[PDB]
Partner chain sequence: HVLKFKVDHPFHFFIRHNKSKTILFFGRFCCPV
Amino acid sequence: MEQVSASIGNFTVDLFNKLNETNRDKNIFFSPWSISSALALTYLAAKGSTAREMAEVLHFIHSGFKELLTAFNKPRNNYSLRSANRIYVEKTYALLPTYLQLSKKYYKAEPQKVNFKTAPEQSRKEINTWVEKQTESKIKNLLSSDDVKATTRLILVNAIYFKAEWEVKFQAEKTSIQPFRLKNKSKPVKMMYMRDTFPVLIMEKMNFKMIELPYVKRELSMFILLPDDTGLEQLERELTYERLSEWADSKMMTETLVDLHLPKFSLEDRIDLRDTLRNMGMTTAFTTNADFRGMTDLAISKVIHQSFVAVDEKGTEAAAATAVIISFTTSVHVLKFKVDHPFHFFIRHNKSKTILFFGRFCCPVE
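Going by the form deposited without its partner chain, give the structure for the sequence I pasted, one chain, nothing else.
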């Protein structure tokens, strides 16, 4: 379990940087966990050189997913981590059982053979529906008429739902419309607020403070690396999975009374990873000369991923009802932790340190 989590950990920072390079000016967001996991599948069918490269990319033993997969989906109640990763091939291609035995074994998921050959526009609907069913109906039409063709061969789709009430919800009566500073730009945002205790990590060394806003029973938590004063460029350079792990896990990050200002925000992203992965070192799995002989005797033609998040006075897409609210403002110093400028933020399964979501917020720009 502690070997895979590092893999993701790295794959994450990398995937991030890449995505960044293109959009040095966008809000980056994705589920590193929902991608390695989904890419693991094909991988568990990628032999020879197609693998040697995939391994390099995802940073690669195999039970690390079964072990984490249940951990999360099994109960680890108090947060819902519904995900949908599958492999759709044409009715024509041939599946070599061992693969089925294994996918079913670790990934409680079976590759579905579909008819792309003469029911492209239909197969699609079928897919976009499975997604819809597996995500609690929050992810609509994942694939577009342009994403499914008769030329299509292997489509790996990977989405993921996610609900979690914060541990200690904010009071809406306190959310005021403040300005999210971007020295020349600035726009407004419903800025949540509360005074409480959170593990914080300060350090003038790299000029940035870190806070851990824990979800229920602190199973999963959100971490916000906020640069003392996009202003993020320097902090993202120093960014490593090493430094992140030494930090969040650091015995130097401790509970502190804090006046918290957290922009009630929201991000959703869809990513056609083909170009991205090709560029990161995964190339051969897309040529017709793919060594996917692990499952058949064909190449990935697409990979559509799609995650989202919506921080609010409850955490994320939460079924709420905070019936009884009874705060006791009582009396008498504070670490003002105002999150009113570009920041980094990720969500983790603290137990296992697996980063599930990761992102950068810096643009309310509509």
Contents of the next structure:
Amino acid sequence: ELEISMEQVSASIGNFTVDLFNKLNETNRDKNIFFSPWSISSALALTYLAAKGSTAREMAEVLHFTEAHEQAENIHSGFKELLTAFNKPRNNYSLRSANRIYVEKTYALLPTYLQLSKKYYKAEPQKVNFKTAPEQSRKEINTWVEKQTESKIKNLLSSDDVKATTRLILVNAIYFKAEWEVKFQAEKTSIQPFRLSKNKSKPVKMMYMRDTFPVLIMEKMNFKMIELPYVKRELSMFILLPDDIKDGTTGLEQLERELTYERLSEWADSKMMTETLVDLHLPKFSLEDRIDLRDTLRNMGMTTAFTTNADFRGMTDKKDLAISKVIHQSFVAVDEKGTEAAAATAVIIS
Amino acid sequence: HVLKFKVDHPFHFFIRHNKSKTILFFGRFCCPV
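Form deposited without its partner chain done, so how does the form deposited with its partner chain bound look?
Shown next: the complete complex, the earlier chain at its head.
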């Protein structure tokens, strides 16, 4: 039962990842994109727990909890067990995720919502003074996020995000740091050209090694995929690389046009993806980003939650709450030793 | 032979928890710096 629940949530997150990427890609075809769909889905799932009617239904459909309202209890259960799996005690690498509910001290929440939030998301409520101390409250939340992220997600919320009208902020944080199973040797790293397009390139620190990794060759679809395991292969970085640059922009036009999670799932655990000796060249790179996902989520079909018709009576008896912002901030650094990655998502309700 | 896997042009990448097959981070790198 619990195993199936975990598979359903993992599948929902995978579907959401592709949909989210596709929506982000529509407006920004030529920019770096990086996010944690785990963090975004976790924070919005904790929000969905409180949703009712069309507010809930739309969120469930966008997040792939349901197909396009009865609460998806299987999903909340799946998130619980996944969170437990990610937070397993260990000292061979770093993986942790946490959720928290920040609420206006004067605003009463339903006890049933708090016990369910604690059960399924390990989210405890912290009363804060939004009404007459929004800056105090903001810094308090940002400090917690810093602690959960080893200070890699620093000032999550700005003064434009937390105001006197703010009533709840539901936050997820995730932190990951691990060595590669097989680390690159720094002496083999050198300055090499990274080709942005057919007619453009820029210099980057290119890491190099010759070793054996699982590789899927898809000649017909013009791409290859490789898995780069972290220690004990408990997590991996997968890289999808087009065979060359075979279009007028980034080389990813075919891949991005044909991207589905069904395809991505089939590739990622394919029998054709066998252990292959490879001359691996990988850039040393780091990405940071920040976005308010309101507009994006609205364009994906999550509309009612951001309106004066929003219904969050799962957490309150009054229909006086709506989502104002969904702040997502991310960070990743890839180097010879491994990868450090981090993110936070803050659902701001007023 | 040795297969050339040279990541010197735009690519998608993601970090996965393998046992659960959960994508934790997803991205596209197409623009250095």
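Numbering follows the first chain given and starts at 1. For clarity, a rigid core is taken as the largest C-alpha set superposing within 1.5 Å between two forms.
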Revision key, fill the gap. Mover between the two forms (rigid core aligned, C-alpha >= 2 Å shift), picked from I224, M194, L156, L244, is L156
Review point. Any CA movement of 2 Å or more for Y79 between the two forms, core superposed?
Key: yes
